[PDB]
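Asker: Given these sequences and hints, build the entire structure.
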Amino acid sequence: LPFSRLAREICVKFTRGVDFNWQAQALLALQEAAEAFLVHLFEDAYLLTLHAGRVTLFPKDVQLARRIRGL
Amino acid sequence: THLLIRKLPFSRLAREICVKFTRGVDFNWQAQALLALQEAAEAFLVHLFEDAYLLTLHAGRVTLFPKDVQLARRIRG
Amino acid sequence: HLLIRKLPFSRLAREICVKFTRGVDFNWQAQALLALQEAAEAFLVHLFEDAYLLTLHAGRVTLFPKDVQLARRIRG
Amino acid sequence: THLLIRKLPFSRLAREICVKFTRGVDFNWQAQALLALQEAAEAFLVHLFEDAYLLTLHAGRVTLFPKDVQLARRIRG
Amino acid sequence: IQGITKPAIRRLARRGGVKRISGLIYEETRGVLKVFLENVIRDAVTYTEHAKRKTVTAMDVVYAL
Amino acid sequence: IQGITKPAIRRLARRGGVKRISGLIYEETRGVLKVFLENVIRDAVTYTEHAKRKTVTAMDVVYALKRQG
Amino acid sequence: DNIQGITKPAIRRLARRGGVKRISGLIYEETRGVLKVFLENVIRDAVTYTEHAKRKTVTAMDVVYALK
Amino acid sequence: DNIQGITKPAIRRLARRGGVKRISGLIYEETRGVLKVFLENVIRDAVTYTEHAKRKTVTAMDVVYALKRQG
DNA sequence: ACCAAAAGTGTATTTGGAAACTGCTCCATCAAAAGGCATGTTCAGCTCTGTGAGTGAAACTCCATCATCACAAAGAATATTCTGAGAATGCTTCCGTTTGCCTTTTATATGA
DNA sequence: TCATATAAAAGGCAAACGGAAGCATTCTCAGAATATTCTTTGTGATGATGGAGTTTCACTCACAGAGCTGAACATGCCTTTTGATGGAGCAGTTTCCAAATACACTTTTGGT
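Chains as they are written, first to last, in the deposited numbering: chain A, 65 to 135; chain C, 58 to 134; chain G, 59 to 134; chain E, 58 to 134; chain B, 26 to 90; chain D, 26 to 94; chain H, 24 to 91; chain F, 24 to 94.
Wrong hints could be hidden among the right ones.
Stated by the list, open to error - Here are the computed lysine-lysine pairs in the BS3-like style, where the Cα-Cα straight-line distance is at most 25 Å: (1) E:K64 <-> F:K31; (2) H:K91 <-> H:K79; (3) E:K77 <-> F:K59; (4) C:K124 <-> D:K31; (5) F:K91 <-> C:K77; (6) D:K79 <-> C:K64; (7) E:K77 <-> F:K44; (8) A:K124 <-> B:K31; (9) D:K44 <-> C:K77.
Rather than coming from a laboratory, the hints here were simulated on the basis of the structure.
Answerer: Below, the structure written as C-alpha cells:
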C-alpha cells in the first residue's frame, strides 16, 4: 500500500517544507526495519505470555515486553 | 551512599576471581575500587530482581522462580 | 530432550577415558554425564545448522560431507 | 610484510573516523600505532578473503560474490 | 486515515511464530509502529538538517541505536 | 568463595521490590553475580594492565563498567 | 564396535532438530568422526582439570570449566 | 570522499594476495563496509584505552591491546 | 482498466479467566552459637607528581607513479533449462539394545 | 597411615521400543548445452594523489623522591546460621462457559 504518504504526513509537519524525495531503497530499508522491529517485539512478547501460560497475546503483555527493555 | 552486601566476602570473592583469571601476582585493590564495584554490582542485581518481579506480577504468581530471573535476563540480553 | 541413548554414550566416554592409559580413572556422575550430553548435542546442532545454511548457499537442499568438513574448518 | 593499501589514505580514514565517530578532540596518532592498525586491517581482510573464497569454490563458482562474504562473516562469529 | 490493517499485523505475527492474536492488540501495534516511525523520522530529519545536504538520506541512521 | 549467603540475597531482593522469594533463586543469583564479576573484573584488570600498573584504582573499574554497557 | 553406539537415525533426528531437510548416506562417518574429536577434546580438558585437583573423581564443575 | 581512499585496485591487489581469481564488481562496496565496521570497533577500543591512560596520543600499545580485546 | 485483496458478516470452535480444592514450601521467630565482619596497628612498595631530555607528529612543498576512466573486445563464467539415475525417503517387520528397578561394592572423606 | 562407613558407583533382568533390512517410491542432484552477461585485459592520458625531505614545538617518557596506602595480623561482637514446628499463604490441578479468535463467502476497493 502507498502508506508512505500517510507516514510522511507527520514528518512534513515537523519539517514545515516540501517533502523530500526518498529513494526506493530507502523505503525498502524502512519497511525491512519496521518488519524486523515488529517481529522482534512480537516474539519477545509471546515468549513471556507463554511463560505466563497464555497462548494468545494481549496489550498488557506487549506493553510489558516493550517497557522491560530500553526505551 | 548505602550497601547491604557484606564487604569482606565480596572483597575476597573479587580478589580470588582476579587471581583466577589473571595468572599473575596479586593485583592490589584500592579500597575505593572495591566500594565502587559493590555499588555497581548491587545496582545491577537490584535492577535484575526488579525486572524479574515484573514478570511474576504479569503472570499473577509472585514467588520469584528461577525461570523468571532467567527469562528477564534473556529479554534484557 | 536428548536425542541419543544414554548407555552407548556412557560406554564411549568410558573407553575414551581408557585410551588416556592412566589406569582406572572412570568416575561418572549423572549430572556430569547429562551436562556433557547436552554440550555435545548443542555443538552438533550448531555445526549441522551452519553446514546446512552453507550448503543451501551452495545450491543444493541436501547435505554432503564436504559441507560439514569446511564448516568445521572455517569455524576454527 | 609490505603493506598493500597506501599508508596516507588509510591514515586519513583512521584520523577522520577517530575524530568524528568517537567524540575525541583532535587526537594525535603515533606512526607506529597507525602502521600496526594498517597491518591489522590488512591481515583481517586477507584472512576474510581466504575464508570466503573457500565458500566460492565450494559453491562451484570460480569467481567471488558478495553473498559469499556475508555468509562467511555470519559463520565466523 | 489508518494505514495499518489486520492481515498486515497477522502475517508478520505468524512470521514471528505466534499462534493466536487478540483483536484488542491492533491499537497497541499501531501505537508502537507510530512511535517507531516517529523515532526514525526524527533521526532522519536530525541527520538531514544537521548535514549540509537536504535531499539525500543519511545512511548513518543505522548507527543511532 | 561464594560467601554471599541467604539473608544477604533476601534483603537485596527486599529492597528490590520482592516480597516472597523462592528458595531456588539463591544459586542462580550466585551464578549471575559470578559471571557479571568475571566480566567486569576481567575488563578492569585488562585496563590496569594497559596502564602498566599493578594496583587497581576506581578509575579502572568505572572505565570497565562504561565499556561493558 | 565402540562407535557403533552412535546409531544412524540419531544423526537423522539431530539434523532434523538442526533444520536440515535431507541427509546423505556418507555423512554418518564424518559425523561420528567429528563427535569423536569433540569428545576427545572436551574429555582431555576435563581429565586435566580433574588431575589439577588431587582426587580422580570428576565433577560437573570440571567439565563446565573445560567448556571455557 | 574520505571512505573512497581505499581504492578499487587496492582491493583487487589485496584479494589477489588472498588467493581469489575473479572479483565481482559488487564486492568493492561490501569490502569497504566491512573494513569500515572493523576500523570503527578497533578505533573505539583503542581510543578508550588511550583515554584511560589519560593521553592525547594513541600508541602501539593501545592498538595492540584493543586487538587483543577484540574477538 | 482491472484484478488481487481487505473488510464485513456470520459461524462454529476454543482457550482463558474465575472458582474450588490440595499439598507444599517459604516467611517468621526463637534459641544459640559460633563463625565471620568491623576496627585498630604496622610496615613497605607503589603511585603520584614533578622535571627535564629527547623526539616525533602535524604542517609544509614537490615530484613521480599508480589509479582511473574510457574504450573495445572477448570469452569465461553464470544463470537457465532439460534429463536421468542413484540415492534419500517411507513403510513394514523383526530383533537387539535400553532403561527402570533392585542388588552388590568399593573409593574416599572423617576421625585419630 | 589405619578403621570405616557410606554414599555414590558398578552389576544383573525383563520389557518395549527404537534400530536394522529390505524393498517400492520418488525426486535432487549431477551432467550437458546455450544465451547471456559481465568481468577481465590492454592501453593512452593524466592529473590526481601518494611518497620523500625539513621544521618545530607539544608532547611523552625515564627517573627520582615523598607520601600513603594497601597487605597482613590481633581482637571483640554481632549479623549469620541451623533447626524446628507451625502455618499459612500460595503455587499447581481440574471444570466450565463464553467471549473472542479462526475460518468461510462475499463485496468494494484501491494498488498497479
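Asker: Next, verify each hint and record whether it holds.
Answerer: Here is what the structure says about each hint:
The straight-line distance between the Cα atoms of E:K64 and F:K31 is roughly 15 Å, inside the 25 Å bound, and the hint therefore holds. Note on H:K91 and H:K79: the hinted pairing holds, with a Cα-Cα distance of about 21 Å set against a maximum of 25 Å. For a cut-off of 25 Å, the pair hint linking E:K77 to F:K59 stands: about 13 Å separates their Cα positions. A distance of roughly 19 Å separates the Cα atoms of C:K124 and D:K31; the hinted pair therefore holds under the 25 Å criterion.
At most 25 Å may separate the alpha-carbon atoms for a hinted pair to count; F:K91 and C:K77 meet this at roughly 19 Å. Between the alpha carbons of D:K79 and C:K64 the distance comes to roughly 22 Å, so the proposed pair stays at or under 25 Å and holds. Restraint check for E:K77 and F:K44: the C-alpha separation of about 37 Å exceeds 25 Å, so the hint is violated. For the hint linking A:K124 to B:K31, the alpha-carbon distance of about 19 Å falls within 25 Å, and the restraint holds.
For the hint linking D:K44 to C:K77, the alpha-carbon distance of about 36 Å lies beyond 25 Å, and the restraint is violated.
The structure shown violates the earlier hints numbered 7 and 9.
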